[PDB]
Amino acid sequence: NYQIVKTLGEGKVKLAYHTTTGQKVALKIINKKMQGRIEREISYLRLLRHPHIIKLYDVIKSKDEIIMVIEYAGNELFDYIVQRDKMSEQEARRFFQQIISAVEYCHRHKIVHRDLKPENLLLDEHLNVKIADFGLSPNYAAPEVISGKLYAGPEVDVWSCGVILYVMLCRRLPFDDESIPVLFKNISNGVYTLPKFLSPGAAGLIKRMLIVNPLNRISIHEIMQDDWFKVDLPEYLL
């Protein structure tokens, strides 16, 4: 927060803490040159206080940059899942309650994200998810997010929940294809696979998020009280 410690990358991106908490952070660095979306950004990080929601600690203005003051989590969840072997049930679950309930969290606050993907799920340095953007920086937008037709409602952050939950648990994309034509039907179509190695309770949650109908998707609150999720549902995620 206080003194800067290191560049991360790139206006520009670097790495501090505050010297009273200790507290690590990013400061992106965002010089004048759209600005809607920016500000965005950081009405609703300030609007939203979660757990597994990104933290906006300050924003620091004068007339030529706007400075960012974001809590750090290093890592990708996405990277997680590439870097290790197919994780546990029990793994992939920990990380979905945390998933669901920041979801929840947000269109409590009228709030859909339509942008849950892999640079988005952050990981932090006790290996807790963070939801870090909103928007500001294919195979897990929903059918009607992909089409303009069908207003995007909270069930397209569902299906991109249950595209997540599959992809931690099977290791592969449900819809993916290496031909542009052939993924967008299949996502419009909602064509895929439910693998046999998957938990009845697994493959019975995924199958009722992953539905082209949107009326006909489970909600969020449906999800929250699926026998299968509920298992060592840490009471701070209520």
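Here, rigid core means the biggest group of C-alpha atoms that superpose within 1.5 Å across both forms. Residue numbers count along the first chain shown, from 1. Compared with the form deposited in another entry:
- Once you line up the core between the two forms, the CA of 27 is the only one from 210, 202, 27, 54 that shifts by 2 Å or more.
- The Cα shift for residue 193 between the two forms, taken after rigid core superposition, is smaller than 2 angstroms.
- Taking the rigid core as fixed, one finds a CA shift for residue 16 of 2 Å or more between the two forms.
- Comparing the forms between the two forms, the C-alpha position of residue 44 differs by 2 angstroms or more, with the core used for superposition.
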Second form
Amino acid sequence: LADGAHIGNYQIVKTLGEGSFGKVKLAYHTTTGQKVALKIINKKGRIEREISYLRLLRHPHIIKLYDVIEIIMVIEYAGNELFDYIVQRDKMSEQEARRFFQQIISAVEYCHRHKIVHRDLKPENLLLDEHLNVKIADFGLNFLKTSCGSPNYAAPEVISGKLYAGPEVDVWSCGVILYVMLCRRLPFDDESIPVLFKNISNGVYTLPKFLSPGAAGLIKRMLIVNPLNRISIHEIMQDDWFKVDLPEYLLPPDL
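Next up, can you give the form deposited in another entry of this protein, since the form deposited in one PDB entry came first?
There are no partners or other molecules in what follows, just the one chain.
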């Protein structure tokens, strides 16, 4: 039950995080040795509905909810972080960046379809598995992780704490994300908190010249202050720059 060991095919390894109910512990499947993530819960509503609803969501690049076993969740485990891999390789190609951006955007499209807005797309939520596939965590309706997002990646609507943050906020975050993989620098960022918020609020940032007309073009339409003029996920998936070398499994049925 504790960091000791064993629970129906799974042996516990070492708590990964704590959180209001139980903890999250690393564990490896008894026979296969597949690493897994065990989120424990109990001692309390429509959460069970949620947990049940998550076991249905499946996507190559979203951390999967393998199966529920107190209340053990059994989640897919990815140990590395997308950006740790990116800093490693000095200057990865624009085509290398795009490859990741496509997996991410596809994943977002997938969730928005199932009516789930992430709202917290940031580096600590972009993981990678042994095959270099992105795995987005924290998707679906602890002190190691803060409840409020990393400002540098939040849309104006979020910085300003608007009562409604629609799927357009994910596009903005993805905008920042794309920007950083290509420019290796944050779009908005100042040592002064208030100034960082000012810039984000007025979409104040500069696009580096080494950016292809394609990339810079897409970034531009994603980082738009007015939620209504911000480009949509589907428009992004139909973009020429985006489309290049786009793996078929990433394109939904309707597109």
